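Student: Residues per chain are reported as follows:
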Amino acid sequence: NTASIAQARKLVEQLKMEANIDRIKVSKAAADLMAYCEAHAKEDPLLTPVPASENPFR
Amino acid sequence: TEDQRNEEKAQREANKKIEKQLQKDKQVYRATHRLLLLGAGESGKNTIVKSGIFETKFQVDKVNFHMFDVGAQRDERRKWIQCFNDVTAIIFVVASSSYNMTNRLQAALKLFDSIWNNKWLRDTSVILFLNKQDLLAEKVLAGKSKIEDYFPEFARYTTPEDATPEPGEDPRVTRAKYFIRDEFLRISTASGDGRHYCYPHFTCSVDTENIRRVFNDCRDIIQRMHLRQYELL
Amino acid sequence: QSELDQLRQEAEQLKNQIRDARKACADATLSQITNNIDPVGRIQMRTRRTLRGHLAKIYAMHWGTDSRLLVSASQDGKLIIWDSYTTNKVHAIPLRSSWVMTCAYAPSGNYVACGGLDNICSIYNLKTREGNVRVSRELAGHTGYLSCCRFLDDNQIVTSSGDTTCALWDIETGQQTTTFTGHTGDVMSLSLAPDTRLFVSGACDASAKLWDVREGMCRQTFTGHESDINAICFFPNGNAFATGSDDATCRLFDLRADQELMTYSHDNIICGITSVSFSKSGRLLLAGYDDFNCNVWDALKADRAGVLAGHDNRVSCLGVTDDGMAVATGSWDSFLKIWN
Amino acid sequence: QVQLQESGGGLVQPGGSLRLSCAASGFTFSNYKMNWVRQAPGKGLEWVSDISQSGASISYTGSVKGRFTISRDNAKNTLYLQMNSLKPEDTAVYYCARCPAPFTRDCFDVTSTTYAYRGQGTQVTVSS
Amino acid sequence: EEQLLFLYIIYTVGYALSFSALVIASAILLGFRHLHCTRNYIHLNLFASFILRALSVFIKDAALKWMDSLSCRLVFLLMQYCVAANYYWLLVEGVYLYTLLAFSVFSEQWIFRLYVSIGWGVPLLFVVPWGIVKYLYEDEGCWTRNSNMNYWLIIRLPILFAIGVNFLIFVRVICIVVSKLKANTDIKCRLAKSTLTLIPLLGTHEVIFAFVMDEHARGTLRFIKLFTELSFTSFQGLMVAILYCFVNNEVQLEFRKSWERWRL
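Residue numbers (our numbering), protein chains in the order written: chain A, 1 to 58; chain B, 1001 to 1233; chain C, 2001 to 2340; chain D, 3001 to 3128; chain E, 4001 to 4264.
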């Protein structure tokens, strides 16, 4: 064509850039997310309903 | 704690001032009818009205009207069209002289069908302007272009008995006009319940009565919604 | 053209290679990793405040960094800054264009931003130079409607537009310093990383892209959604983000694993998601829906934990305070509700 | 990844017959309304036909009514378009386009110049 | 005596059912907070006027069962006000509906204050002078008994004027409704339903009964005419409550949403 070749080249080079990245195991990422969730469970007011004494919306 | 009381008093005073201004803003907002002017690039709406969005204000019979024309936006509409769910009416301008010149009329029909059946637009009425009536009349009189070529159902279509044509109009012109109008009304009545209505209008690109048509359609829309609030209609 | 044909062949070969690379890393699923974790239980949040005063529907709200003030934008042409503790209105800014689709509050609290069908992003000086609030700067580069905006700091803001591009702005000069291109559809939302070095954007092409603010290039592209993505939000860790799309599902993507971890959907949900957000710990995913409710999802498990059913119209926006104290929801019924 | 590959187009004599298929992947096929869109050389995108989720609601453009037959197979995730009486004016690139959202009746922007959820297209040429 | 006793049981159960339905409807309208609107406020005021009239009738019944300086005179004055206020609140919502249909400019707070003034204060504007004339010119020990026709005209004329204006509004609204229906087969059924629902709202049964039945003729028709008139004025409150609260679509959606939230 006339101009679609340019966007096709851009797509190809973007795919080349995206293909050469380092990926970790999905199990490792899941474990890291789980660890972050447990390490902050006591600092989440929405997880454990805080008593109304220190809840500013009661 | 006196400082806290003073701060609360100041906040309450500021809130009171803001609400007092908001009352006037609400009174202005309720007394204005907003309109979305929609159509194709060559539909003639640019002459009818005569930046991401364009705005024009006109007053008819001491009633304020606020009509918005969409400007620098992409051809994909499924996202920003949701901003006009509470608009009083959507003025749809269609070039009736486009049944062959790229089936533009079919594209307009598809756009109208998408507007009609959108979940967020299922309460907004549409004022339909079948524009370019003179060009359609001259194209029909010339006979060079056949509507049945791109709309095969036109051959077996008869002018409705309630059709009121202009005095000096060829019956073929009237038949074409009402065929296009019924093409739109087939979509309008297929799933159009009493929530929202369509107002067909055979118009020219330069008509001094177009604002009067819009005023009458908006008055009818408001009256119908008021009557439905009382469950009379 | 043979050149276009071979370019498409190379692109699909690269896509196949990327898909194979992602598949090799899927040793186990997040659902079975967190299978032995105790369930969060039942989350029952009540409406604590109801902020009234908007005349038309609300598209956007943004919590302040102090977790007390928030700004909301409505189609009547108004910006209102609320004091959620006392429900008092602090400011009521009339907008030059009434078709606002987004609003952002500056982290310093000195500015608010808004934009919409007019392609301009307007910055408002909240702090009283002389007493009033007026337009400080207008950014008019975009050629499509403004869908989202987020302050990096004072004098820097990232905007997503319907012209399929995201931009980085300099407020004093008013000029774009970086343009982020690559989306093929309207960009509907963006979320800044906690360090403000990266941001993700969801577009109407069912794709999410991770951008580098400094370098102005797309590092990763995430797929898996079936319809237009309407909402996006990082996990508080910064290594993951969640999306909400019109296909009635919410999905969680991992930056490092470069793929999908979990899908949040139910057979009884057939309406699209308009807004998503995480809790302070990231254990709960809160999503607004086309139906007038909000669903609270376990993040580590695909089961619902609670529902926020208080709104009479479509839920258009929601956000969680920086301290995780409360979650606020905006809706098309012109009301904001604070939940706790 | 939402992918739509259409195959079947090619050179055909006037009055000939062609069958266009569309293999879909990356989404629940049965939840969406499918469309067929074509682009004549030198012209814009023109809508041709569409079929509902179950396949019980079918619409055509006037130019091809009585000649084209759209069909879908939800089990095989495939969309079909049967062509029966081709004309030189039927020469165009034919695209297999999907409606933006599931379970909806409106189908917006299906013929937009740059619209995602549309295949690369298959060339149909009618000449002698 | 049993001829009138059959009228008494209907005249009492009708006013009891109307009172119960009206208080339930007021509770429903005041509760959901989504039905809070000007027309619903006017409907609540009409419900209050109907409740006050029913309470005044029950007070008259209790006084009759019990049976003279201040008790009889003051009760009759409130009896006349409750009737007048109820009639003028039918006019106010008749005027409001006509204002919505055939007017454009109106300030919400200003018009609402004016409508409240007309609904409540205006009935007081002619009842009190009637009470003054009753207390002074004839100086009767009890105002229940009437002696001269001219002094009663202070009450009858404003009520008759309100009834006539409301009937004209009803005619205009029916004309508008039929004009709308024409633009849309089976229009007769829809028009009949709309008129049947509009009659209790605007209280147009009085003029229709006065026209089609002649009050000057007595006989066997006198029992039937009185029976139907008393039954309709007894059930008017119940019909209004049902039609504008219980079968109202908005109220049913509110109830369904409230029940749905509990299920979740």
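Misleading hints may appear alongside valid ones.
Claimed, not checked - Okay, derived cross-link-like pairs now, DSS-like style, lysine-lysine, Cα gap no bigger than 30 Å in a straight line:
#1 3076/D to 2015/C
#2 28/A to 2280/C
#3 1119/B to 3087/D
#4 3065/D to 1050/B
#5 1016/B to 2023/C
#6 2127/C to 28/A
#7 2023/C to 1026/B
#8 1057/B to 1020/B
#9 42/A to 2127/C
#10 2015/C to 25/A
#11 1144/B to 3087/D
#12 16/A to 28/A
#13 25/A to 42/A
#14 1146/B to 3043/D
#15 2023/C to 2301/C
#16 28/A to 42/A
#17 28/A to 2015/C
#18 1017/B to 1057/B
#19 3076/D to 1144/B
#20 4180/E to 1057/B
#21 4257/E to 4225/E
#22 1016/B to 1026/B
#23 4225/E to 4065/E
#24 1062/B to 4182/E
#25 10/A to 2023/C
#26 1020/B to 2127/C
#27 16/A to 2023/C
#28 1009/B to 1026/B
#29 1144/B to 3065/D
#30 3076/D to 1146/B
#31 1119/B to 4065/E
#32 1020/B to 1062/B
What the hints assert, rightly or not - Stretches of chain C that chain D covers, calculated by requiring three or more beta carbons in the stretch to come under 8 Å of a beta carbon on chain D:
#33 2196-2206
#34 2222-2229
#35 2240-2252
Don't read these hints as lab results, they were simulated from the structure.
C-beta atoms are modelled at their ideal positions from N, C-alpha and C, and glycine is treated no differently.
Student: Which of the stated hints cannot be reconciled with the structure, identified by number in ascending sequence?
Tutor: Per hint list: 3, 4, 5, 6, 7, 9, 19, 21, 30 and 31 violated.
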